[PDB]
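Consider the single chain below, provided in structure tokens and representing the form deposited without the partner chain.
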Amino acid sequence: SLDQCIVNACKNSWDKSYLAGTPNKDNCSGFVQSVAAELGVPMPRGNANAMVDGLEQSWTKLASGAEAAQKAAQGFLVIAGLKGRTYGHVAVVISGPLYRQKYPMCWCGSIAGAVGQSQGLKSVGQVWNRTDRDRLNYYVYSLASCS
């Protein structure tokens, strides 16, 4: 599996602040801006919702969380995202075994605290809730980030 440079970018971005005075661990959007910047990947800017609108319009869209975990393993940056009536959420999907045989592991910051957060050990199906977990979108960038 080739996701290590993504994971590493994730680890490094975790302590950064894409916004002045706001550690990425508390800013889901900011957190992926830094992950993307450390990997030379252009990423639509804005809050979570605006980022999802941008992914929708310009990135490849995958079918399952399964397919998302494969693209991570292949060395590709994958974003799991889902708008909200008010605020959305985005996360970086990484390779490894699907939780409940369906939801891939991820990294994501969150203004909600630990229960909105993940350092590689919580699947998307443990960040998003029972209802939202099955409604996620998965976007993969068009060129690999990891050799």
Contents of the next structure:
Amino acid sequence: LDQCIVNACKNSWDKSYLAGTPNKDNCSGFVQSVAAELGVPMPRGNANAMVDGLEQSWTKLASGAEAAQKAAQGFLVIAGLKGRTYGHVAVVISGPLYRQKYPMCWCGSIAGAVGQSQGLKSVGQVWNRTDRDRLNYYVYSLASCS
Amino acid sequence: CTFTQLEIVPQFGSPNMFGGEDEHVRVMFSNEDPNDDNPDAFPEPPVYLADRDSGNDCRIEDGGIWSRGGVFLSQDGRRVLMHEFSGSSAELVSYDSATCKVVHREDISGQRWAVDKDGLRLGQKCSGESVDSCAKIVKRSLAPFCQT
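Could the form deposited with the partner chain bound be given as well, to go with the form deposited without the partner chain?
Every component of the complex follows; first up is the chain already shown.
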């Protein structure tokens, strides 16, 4: 079911949602692009702004594990956490949890390539041990996959 | 005080260890990524530092995800400078090589960066990962990262 979404992550990857800043170096951009392809409405803004938006609009999940369940059901799931400086967001996909706790994701990052996941890293390998346990998972109420 | 980058490589005979050494300091990480035998970063502490001038070692027990070869050693062997990140935020953090205590930490979120004989350079309005692609570029002292 998550196909529709996976596709959306790979296509959204090479794109540049904002100006001359390619998605692979802009988490907010990458998410907006995936939401574009799927025609899902995502708050405008930078990372923090996106988190505030999701906080207010979106249904909030209780665990990374459930996040991967919803994601497996062809829903769109955004892992988000705010920062003092630059917050971060990532698209949660289905598959094995790292350390039985952190679900696989796709995200670009200004941090550099190390913070970039092409479905090969969990949110637990893009956020550090502290931030890793403070993530919020948000889900859109309609299964973008058919 | 000058920092030279320390290349981090697989150690033979220790199955998932990556590190590097020089005359003064050995640094080591363990790879816990199930899928990748050639990872770019280590998110699970400890980092092991060995002080070869004293024969002692110590562990750094917590820390941002560490970038393989964003590790740098100071000319005298007293400081170990490391690039660490989480989500979109990042930092450069200098540790004491004898005690593993953090001596200095600088938030560099949103910036491209580079470290060389000359010092530290940070940049914005970049077109790429290298600081040279950055429109605005700022040169920063590394003196607080390593002191006497």
